[PDB]
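As you look at this complex, bear in mind that one protein chain is not there, while each of the others sits in place.
For reference, chains read A, B and C in written order, and residue numbers begin at 1 within each chain.
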Amino acid sequence: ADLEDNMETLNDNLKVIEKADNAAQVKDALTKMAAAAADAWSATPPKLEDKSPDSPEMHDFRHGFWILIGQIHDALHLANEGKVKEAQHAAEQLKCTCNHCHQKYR
Amino acid sequence: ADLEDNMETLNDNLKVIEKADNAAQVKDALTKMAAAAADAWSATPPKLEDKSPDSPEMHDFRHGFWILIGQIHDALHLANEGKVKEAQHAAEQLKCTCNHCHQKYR
Amino acid sequence: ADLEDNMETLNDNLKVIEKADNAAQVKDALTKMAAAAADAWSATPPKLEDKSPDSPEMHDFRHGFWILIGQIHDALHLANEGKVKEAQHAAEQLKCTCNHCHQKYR
Partner (left out) sequence: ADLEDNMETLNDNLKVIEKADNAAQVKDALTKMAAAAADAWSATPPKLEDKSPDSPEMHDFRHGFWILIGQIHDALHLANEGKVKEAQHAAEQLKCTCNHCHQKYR
């Protein structure tokens, strides 16, 4: 697993999608992101090691991945339909979710 | 890790919600189901062990957990809102997802 | 935009989906169901005409459609992917939602 590695996968596969040529490239990218995001679910981050897993921050931290997992789920559907541009637009809109979690837990 | 133990978690906890006397017991059990479902997302079941990880069956398999994870998410909100009975309903409505996936790959 | 006709639309198109021969027949059916569900969202059922629209019953009632709308939304993706059978399965799975709402508000 490892949290840092999962974030490597996310950041890298997002870039690919920004400069992807076709739907197939977008599928493969989003699919790998989905796996990293699901894997990162139960990772206790550095800045929350002193709290209980029952804490609001840990529930809020896990809540962030629910949002990310859902967006990728739906974004992959667009890719499967051959809609490269609206898949790329949805890939871009993950950033709002990425930034929100970082801004207060990273 | 073990997919068998992930289903054990999902089953056991679904019974816990079935008879819970307060929100805390529901919240906690739902949280355990979420971690299990997110764990099980990456797995490869027995009937598709030899088959490729990129097969239509495996795409639907992963998709089934995307639905379950998404339902567990909304249920937990309902529990967090103190709406215990509605969370218990929502937990019952998961069975459509459990059964649909079982009807085939189990 | 009557609630009875909206429900007539849901039930009739659910039958259409069961015996559909192509993706477009499923797409069209789901789109009609999507409209009926979006339309019925602001409705008040006979059992709660008396009650205020800000009551818990109406929140839970309206919330029922959020789920149905969400489920239809997803099943339409499956239809657009050419996954007709899985779209039919997802349609079959809607009845957990249909029955949950009827078992109390019908």
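Observations
Just so we're on the same page, a contact is a pair of C-beta atoms (placed from the backbone, for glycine too) under 8 Å apart; a residue touches a chain by one contact, two chains touch by 3 or more.
Under the touch definition stated at the start, the shown chains contacted by the missing one in the entire complex are A, B, C.
Touch with the chain omitted from the figure is made, among C:14, C:38 or C:98, by C:38. In the complete assembly, the contact with the undisplayed chain comes from B:80, out of B:42, B:44 or B:80. In the complete complex, the residue from A:15, A:47, A:51 or A:89 that touches the missing chain is A:89.
The omitted chain makes contact with subunit B at the following residues, 74, 77-78, 80-81. Not every partner is drawn; the one left out touches subunit C at residues 34-35, 38-39, 41-42, 62, 66, 69-70, 73. Contact between subunit A and the absent chain runs through residues 60, 67, 74, 86, 89, 93, 95-97, 100.
Following the convention adopted for this analysis, only the chains that are shown with their structure count from here on.
After Cα superposition, the angle needed to carry subunit A onto subunit C is 175 degrees, rounded to a multiple of 5.
Averaged C-alpha coordinates put the centre of subunit B at 23 Å from the centre of subunit C. If each chain is reduced to the centroid of its CA atoms, subunit A and subunit B end up 20 Å from each other.
Shared interface positions of subunit C, i.e. residues touching 2 or more other chains, are given as 74.
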